[PDB]
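Let me begin by presenting the structure, written as structure tokens, before commenting on it.
The complex appears here minus one protein chain, its other protein chains still in place.
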Amino acid sequence: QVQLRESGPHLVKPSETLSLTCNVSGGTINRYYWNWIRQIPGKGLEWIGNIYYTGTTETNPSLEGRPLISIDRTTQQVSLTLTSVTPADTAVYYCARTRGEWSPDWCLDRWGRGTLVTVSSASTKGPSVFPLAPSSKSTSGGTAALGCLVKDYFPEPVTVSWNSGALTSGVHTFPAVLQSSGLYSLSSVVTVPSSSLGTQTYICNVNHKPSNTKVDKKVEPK
Amino acid sequence: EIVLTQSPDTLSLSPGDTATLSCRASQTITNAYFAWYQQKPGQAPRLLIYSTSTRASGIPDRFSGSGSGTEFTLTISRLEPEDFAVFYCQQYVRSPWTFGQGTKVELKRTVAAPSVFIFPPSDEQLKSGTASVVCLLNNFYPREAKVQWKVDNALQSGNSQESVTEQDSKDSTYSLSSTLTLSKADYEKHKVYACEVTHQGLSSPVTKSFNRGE
Partner (left out) sequence: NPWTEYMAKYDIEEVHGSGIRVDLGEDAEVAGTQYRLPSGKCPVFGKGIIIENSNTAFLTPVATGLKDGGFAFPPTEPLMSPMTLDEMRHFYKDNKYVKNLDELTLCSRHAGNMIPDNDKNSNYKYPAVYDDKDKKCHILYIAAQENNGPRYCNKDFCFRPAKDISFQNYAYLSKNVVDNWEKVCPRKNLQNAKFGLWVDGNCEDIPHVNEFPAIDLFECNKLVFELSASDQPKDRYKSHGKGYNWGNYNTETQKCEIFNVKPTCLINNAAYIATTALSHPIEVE
């Protein structure tokens, strides 16, 4: 079962070069065409370029010849080299594989998970997790609402889990907001039985890849 | 490049209904090189049909594609909750390969009023010179909602932001989070912090408020 996975930076400065890698595992790279697909928030999906294991590549002229695609057969990793990057290049990049070699099978039936890449002159900043403590103003009878606020981080993305993945039911992790300060703020909440507040420990685990920061915060009633 | 235009942009259909999605092309497209995709939030697109009619591996026969020339349509026979997602069309006749802007297919369900919660700023954040108040709307439908902040009954403007989750995988509801941010200096000058919510699931607006440390 062929698994495709992208790897690359989350923050790249404007006018720099964006280098991404697609590690193809579980299947051969032969007889298949390997693509780079990008969807910008605000637009749809966009095709960047192709590569066959022979070395042949085709790119999208809209990108103005900036993208360069290469393939390493020994390591079975497909690379994307995008030069003269611009904030407009900020998007989620996928590597997708065609159903087969011949033209009717050029539909993309294999996809990676996608990796977010932000292009900006802003610097990376770690998050500050604050507890959304339960209170009489957050407890509706027998149910209590709690959370933790991930504030003032840059760039995206951030992922939040509760009790190391043990607590999943009732959890809601909202999309981030770009504050006027240029940083991102995110909130994650969960509804729990109101009686367990004084006897159960709830910890939100905030993970921030761009800064390599993992922070665990114990939310306590107050 | 070949331009693909999809319609409608949005759909609210209950499970068991039939969804018809259309895709128009700027120039004729050979049947062998047209495909449809499904994308769920936080996930990459998944191939549904290729060659305009050939169903991808493991795709239920509820999905059926058709078309010729510049007209192509995708049909989902009997929608069920696992089908609701965003759908894209694609052409690979002439490079560059192009996609449609997509169609969002929402799951129509019964109206549910939001459960409103309000969280005061944490003592930890206050020590940093900032105070954030978070208002939570939980498990409501439809998505349309309105939150108004009132500090000492003064409607607030320009100092709050909100975001909405996707449709929940269990009850197909939405949740909204709104954060009001002030400097601790501004926060300490006032007493009453209230979150007012209006939604068609509520007979009248609901307001959850608290006094600063009281």
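When the chains are written out, they are named A and B in that same order, and each has its own residue count from 1.
In this section, a contact is a pair of C-beta atoms (placed from the backbone, for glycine too) under 8 Å apart; a residue touches a chain by one contact, two chains touch by 3 or more.
Participant: Looking at B:32, B:113 or B:202, which residue reaches the missing chain?
Facilitator: B:32
Participant: So one chain is hidden, and I want to know which residue out of A:3, A:15 or A:30 touches that hidden chain in the complete assembly.
Facilitator: A:30
Participant: Can you work out which residue in B:93, B:113 or B:202 touches the chain that's missing from view?
Facilitator: Checking the options B:93, B:113 or B:202, the one contacting the hidden chain is B:93.
Participant: If the hidden chain were put back, which residues of chain A would touch it?
Facilitator: Answer for chain A: residues 28, 30, 52, 54-56, 72-74, 102-104, 106 touch the chain left out.
Participant: State which residues belonging to chain B touch the missing partner chain.
Facilitator: 30, 32-33, 92-93
Following the convention adopted for this analysis, only the chains that are shown with their structure count from here on.
Participant: What whole-number Å value describes the gap between the mean CA coordinates of chain A and chain B?
Facilitator: 18
Participant: Mind pulling up the chain B residues that touch chain A in the complex?
Facilitator: Chain B residues touching chain A: 1, 32-33, 35, 37, 43-47, 50-51, 56-57, 88, 90, 92, 95-102, 115, 117-125, 128, 132, 134, 136, 138, 161-165, 175-177, 179, 181, 208-210.
Participant: Which chain A residues qualify as touching chain B in the complex?
Facilitator: Interface residues on chain A, with respect to chain B: 35, 43-47, 58, 60-62, 94, 96, 99, 103-109, 111-114, 128, 130-133, 135, 137-138, 140, 145, 147, 149, 151, 172-177, 179, 185, 187, 189, 191, 222.
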